[PDB]
Every structure is written in C-alpha cells, then in structure tokens.
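There are 2 protein chains.
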Amino acid sequence: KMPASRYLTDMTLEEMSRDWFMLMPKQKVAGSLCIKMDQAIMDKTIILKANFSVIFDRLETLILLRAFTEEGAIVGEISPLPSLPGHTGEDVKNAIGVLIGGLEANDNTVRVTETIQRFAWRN
Amino acid sequence: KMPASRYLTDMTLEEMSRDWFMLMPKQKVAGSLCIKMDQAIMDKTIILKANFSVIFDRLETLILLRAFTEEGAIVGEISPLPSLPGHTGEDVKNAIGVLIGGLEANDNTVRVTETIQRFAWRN
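Protein chains in written order, with the entry's author numbering: chain B, 78 to 200; chain A, 78 to 200.
Each hint should be verified, as a subset may be incorrect.
One copy or any two copies: either way a pair holds, since identical chains are not told apart in the list.
Said to hold, decoys possible - With a straight-line cut-off of 25 angstroms between C-alpha atoms, the simulated SDA-like cross-links for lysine to any residue are:
(1) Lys121 <-> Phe98
(2) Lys103 <-> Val175
(3) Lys170 <-> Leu85
(4) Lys170 <-> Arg83
(5) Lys78 <-> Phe145
(6) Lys78 <-> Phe98
(7) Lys105 <-> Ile132
(8) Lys113 <-> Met101
(9) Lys113 <-> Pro80
(10) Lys113 <-> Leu90
(11) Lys78 <-> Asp96
(12) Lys103 <-> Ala81
(13) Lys105 <-> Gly163
(14) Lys78 <-> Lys170
Everything labelled a hint here was simulated from the structure, so no lab data went into it.
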C-alpha cells in the first residue's frame, strides 16, 4: 500500500533552488548521499537547514540539507543521488556528521535547526 | 518578539518552481493575492495543492497554491504579491473560492488537499 508524502522545510523556495559554487571544492559520496563543502570558508557561524518528506507527523526522507552563514551564503549541501538506492536514516546522520566535522575543522561554529535534531533523535 | 518560521507543502520542489502558461488567461488581484487561471482547461480533474508557512504546528501564511490535473499540468495559481501588505486568512479563503468557482464553470472536478482544508477550517 501507499500513503502520499508532504514536505517540511526550514528553507524558503529561493534558499533551496538557489545555485551556489565553492571556491575550494570538497565532495564525498557517503551512503547514497552527496556531501558538498567549500573548504575556503573559515571562522563563520553556520546554520544547517533541511527539507524532509513527512508522513503522519513524522519525518521520513531527507530531500535536501544546506549549510548557511549568518549573511545567508550557502557553504555546504547534503543531497540524495537519484541513480543510487534510497538512503537510510544512519546514512543521513553520518552525512551530517561528516559536514559538521569538515566545517568545524576550518574553525566554524556549526548549529542545526530543530527539524534536523528531531530527525536525528528518532532516525 | 517573533519565532522562526518553517514551511509545510503538498508540492515537490519541481511542482513549485516549474514555469507554466495559460492559452486563455484570467488573472485577478483579490486581497494581496494574485489569482491566475487557464480558461482553456475543461472537463478535467483538478487538485489544489499548497505551501504554507508553519509556526507552532499551525499554518499561518500562504506561500503558494497551485492547481494540477491528474496528468500533472499546472492550470491555476494563487500567490502573494510582496509589494502589497500581508494577505489575511479571509483573502486566502476568497481566492480559493474564486479559483474553484472559475474552474468548475468550465466543467471541472476540483478537489483540495487536506492542508488547504485544515487551513480554511481554522483560518
């Protein structure tokens, strides 16, 4: 059987659609997720925001995660690769780890939105 | 004081961002909303989908509403005009009325998503 998914996001349409580039690229393909990070970004305050699929008041699938600075610049991204099989809850948690890890290594203050917290807390 | 807004949507990123055209335009500026409808669309099954801002598990502001056919074609839209002052709950309800009205006049079966239902029920 099949219910019919809705989407809950921390980001506005523009924040999600917006094209961005990295001065010093770094990409990892952990799980079935693509993790992008600009290694030229240092000593900034980053906020991890996300878009999740939601079935019965519960977050199910990660559609898109993006790292923003206080000024509003995209510095990182976690997104699923359509070609590969569906990502797991652990894959999402590990990806966020890799992104937070990498960003903090360049002396950045990384905080996450309650939506990512709730997702991670419940898997 | 002001709390941080999140967004709940029935539509996918593509469905929201997608550009669409009307062979027979009909546009109205009711409230602080722009109401678009293709009067060339007849004898089809329309489904009204939406994007609302959500604060404390309660829908607050309409971000975007779009009318889709069973095949997935955009036949109508309700969207706020940023230049004008914030739209009211009644403005949204009246707009949906105008859209459903106009679409049914061209012998169409118009059904709405539960998100629009909940919004309208509570204003």
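Evaluation of the provided hints:
Taking CA atoms no more than 25 angstroms apart as the test, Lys121 paired with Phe98 passes inside one copy only; the shortest distance there is 17 angstroms, against 43 angstroms between copies. Only within a single protomer do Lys103 and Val175 lie at most 25 angstroms apart by alpha-carbon distance; the minimum there is 11 angstroms, versus 50 angstroms between protomers. Within a single copy, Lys170 and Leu85 get their C-alpha atoms as close as 18 angstroms, and across copies as close as 22 angstroms, so both meet the 25 angstroms cut-off. For the identical chains of this complex, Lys170 and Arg83 are neighbours both inside a copy (21 angstroms) and across copies (21 angstroms), given an alpha-carbon limit of 25 angstroms.
Taking the shortest alpha-carbon separations for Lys78 and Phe145, only the inter-copy value of 23 angstroms comes in at or below 25 angstroms, while the best intra-copy value is 38 angstroms. For the identical chains of this complex, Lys78 and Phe98 are neighbours neither inside a copy (41 angstroms) nor across copies (35 angstroms), given an alpha-carbon limit of 25 angstroms. Taking the shortest alpha-carbon separations for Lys105 and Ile132, neither the intra-copy value of 29 angstroms nor the inter-copy value of 34 angstroms comes in at or below 25 angstroms. Taking the shortest alpha-carbon separations for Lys113 and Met101, only the intra-copy value of 10 angstroms comes in at or below 25 angstroms, while the best inter-copy value is 44 angstroms.
Proximity of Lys113 and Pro80 under a CA criterion of 25 angstroms is satisfied in neither setting, with 32 angstroms inside one chain copy and 30 angstroms between copies. Taking the shortest Cα distances, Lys113 and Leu90 sit within 25 angstroms of each other both inside one copy (20 angstroms) and across copies (20 angstroms). Proximity of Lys78 to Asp96 under the C-alpha cut-off of 25 angstroms is found in neither arrangement, the shortest distances being 37 angstroms within a copy and 32 angstroms between copies. With identical chains, the CA atoms of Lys103 and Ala81 are never at most 25 angstroms apart, being 35 angstroms at best within one copy and 31 angstroms at best between copies.
Taking the shortest Cα distances, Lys105 and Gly163 sit within 25 angstroms of each other inside one copy (17 angstroms), while across copies they are farther apart (43 angstroms). For the identical chains of this complex, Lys78 and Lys170 are neighbours neither inside a copy (28 angstroms) nor across copies (33 angstroms), given an alpha-carbon limit of 25 angstroms.
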